[PDB]
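Letter by letter, the chains look like this.
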Amino acid sequence: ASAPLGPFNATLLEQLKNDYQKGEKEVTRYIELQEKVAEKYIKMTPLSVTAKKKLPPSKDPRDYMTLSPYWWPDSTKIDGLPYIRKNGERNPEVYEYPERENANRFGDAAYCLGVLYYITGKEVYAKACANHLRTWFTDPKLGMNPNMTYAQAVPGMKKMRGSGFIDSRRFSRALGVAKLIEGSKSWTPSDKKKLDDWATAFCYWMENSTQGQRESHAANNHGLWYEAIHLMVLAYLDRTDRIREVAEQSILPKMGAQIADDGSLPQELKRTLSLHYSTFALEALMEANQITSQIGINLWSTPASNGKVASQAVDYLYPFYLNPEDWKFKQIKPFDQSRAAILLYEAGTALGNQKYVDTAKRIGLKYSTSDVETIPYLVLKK
Amino acid sequence: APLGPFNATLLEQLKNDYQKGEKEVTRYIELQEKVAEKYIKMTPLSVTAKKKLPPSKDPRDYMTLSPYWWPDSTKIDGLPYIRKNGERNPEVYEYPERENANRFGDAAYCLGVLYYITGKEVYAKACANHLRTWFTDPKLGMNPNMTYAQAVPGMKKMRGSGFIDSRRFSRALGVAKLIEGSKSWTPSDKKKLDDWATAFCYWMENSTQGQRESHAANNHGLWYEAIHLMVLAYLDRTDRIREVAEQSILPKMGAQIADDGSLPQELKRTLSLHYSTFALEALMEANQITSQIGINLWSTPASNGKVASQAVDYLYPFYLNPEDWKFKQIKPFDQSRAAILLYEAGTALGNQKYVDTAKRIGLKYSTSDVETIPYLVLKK
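Chains as they are written, first to last, in the working numbering: chain L, 5 to 386; chain B, 581 to 960.
Keep in mind the hints are simulated off the structure, nothing from the lab. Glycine residues also receive a C-beta, built at the ideal position from the N, C-alpha and C atoms. There are no misleading hints in this set.
Derived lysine to any residue pairs resembling SDA-like cross-links, with alpha carbons at most 25 Å apart:
#: 1; chain 1: L; residue 1: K47; chain 2: L; residue 2: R104
#: 2; chain 1: L; residue 1: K163; chain 2: B; residue 2: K637
#: 3; chain 1: B; residue 1: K736; chain 2: L; residue 2: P77
#: 4; chain 1: B; residue 1: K637; chain 2: L; residue 2: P96
#: 5; chain 1: B; residue 1: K771; chain 2: L; residue 2: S220
#: 6; chain 1: L; residue 1: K58; chain 2: L; residue 2: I82
#: 7; chain 1: B; residue 1: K621; chain 2: B; residue 2: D769
#: 8; chain 1: L; residue 1: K196; chain 2: B; residue 2: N786
#: 9; chain 1: B; residue 1: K621; chain 2: B; residue 2: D949
#: 10; chain 1: B; residue 1: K631; chain 2: B; residue 2: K719
#: 11; chain 1: L; residue 1: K163; chain 2: B; residue 2: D657
Covered by chain L, per the in silico footprint, the following chain B stretches (three or more residues, Cβ under 8 Å):
#: 12; stretch: 637-649
#: 13; stretch: 734-744
#: 14; stretch: 784-795
Residues from chain B shown here face chain L by an in silico Cβ test under 10 Å; the list is partial:
#: 15; residue: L633
#: 16; residue: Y728
#: 17; residue: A731
Generate coordinates for the entire structure from the input sequences, incorporating the hints supplied.
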């Protein structure tokens, strides 16, 4: 039977579960290594957005807040309130908001535990996953409010900012993995109802707040990630009707706007990590397609109304994934080729492009990596 | 009549008598229609009218300033506001939703009730225009929270006591059900307002402020639950209405009524007869909803034997003769609130003395108070 609908390559996860259940040696050894890695997540104390001591403007510790990193107090002003941007200089104030890193740590823990529950069926993983989900999302004292109002805030700024919504992606992947523990003993009907209610409220905020509306209309990388996150929330809520609408009406029009006829991504080439950022834009499409393809929509091969296919953007980048030294644009730090391997595998498999798939495997991923996002990709670790 | 925040018995009787051409009622409704003309012409209001921004910088967040709190001039930004008991901070007037939520609520209530009585599409059409603008419009509608109601700038702890401000617009939320099936209120209009109400209900039930108000053992707690029932009734959650009545409203009321029927928390106030009445008005409006599904909050005892009728019984002689009231009441008490309350409780209890006194006190037949539209029985 098919995996539950969620934010992962369901084809590979199903293969892992099936092969594990039948005791195939290479898969069993691999999953045993994943269980060894997971043990720190069984031990880990569940995190909460309420850890910060600094209060958001709402004075509510349950509101997620991070500081937009290049913004600083204006000493020309007394309370310094209208913060000013200092290009290239990261403000150390960002460390007053531990959710900047704690949401990633929660997200990794729940993703790993939920995926291992699906593969192994061992109740200990659903029990630990559930503990993390309840504390981060639904606990009446520790759970976060279902909004991203203060994500990458600029204190004192009069116009609200929508660009911090991209911080939602790691906890929203964990939200989606909660579907894998449905039916476990540890995840009760009452647990599910609370998380369904939270996700419904978060979806309302995403769709109807002014910040969410802005992000829903941004024809750029922020808008594409907004829709990938949107799809994760909708998939968790089983709103496959809405997933098809978003895919047809919002994702394909946005992707084209970032691409050129040469297939480059103009908005990302100007950045100082332009190969990383080109990959990051296409990873939004990649994660969107993981969900849409489970219900029958292949985003990699679907032409936009003007013909563009996002495959053209991968085609543009392929020679530089093969030979990153030939990249002429600013990449002031070394490019992480492992993200390229996953992207080529996903696109290559969706397009039936065997050259992309072979290259993904030749680049490969480290077999012993502890990156939870790579757990499905034994196919790249051999 | 559909489930909603009104005396459904009286509204049905008015619609029936209007349809049968009873002369007293048709003349009364004609006067109400004359009153309503200003609401037909009125420009719909929005919470985004303020120029001052809330801490969120979102004009769609409702915000009012707690009246007795002032900038601390000793402090640099003045931020930790200090209380100056008795002296109202004129900064309150920077937040026009303080009055505008009431004006919206009266407009939508009046127009929706008239559509129900008469069936004239013009009333549904205007009512819908006010509802869309206040609640669901993507630029003008209010966010479904009360985070900044009666805020105290700079205070570290969150305040829940401003939630009571929700009661005027929440009655309008409930009247939206009366214009369902009109031509002007589309299936898409209803879906958007359902989603708004679901999100507001989630905020009321799960936010830290809403949880606190849900546990307040005072008249803020009673008004929270009355508001809660308006939202739940609009969402058709009849099972939650029963749970709220049994597990929240009745214990709270039972905790506030003394052996002699008085409300000791209100007796200490400077407007103690007003606040005694205001606490029972919460029970009154809750009962309008719970009685439509068969729960009589006036006669059902709490687990400790206390019953809301005891508290009416205690106040009855002072409603009859307000000058006999011995506790502090520094402004004249509005006897018309007692008329509606005595009629509501007297009808629910079958107490003819209460009902008769309610009619003897009465309400002015020509009043333009939209809340009194159902009470022609009191205006003879």
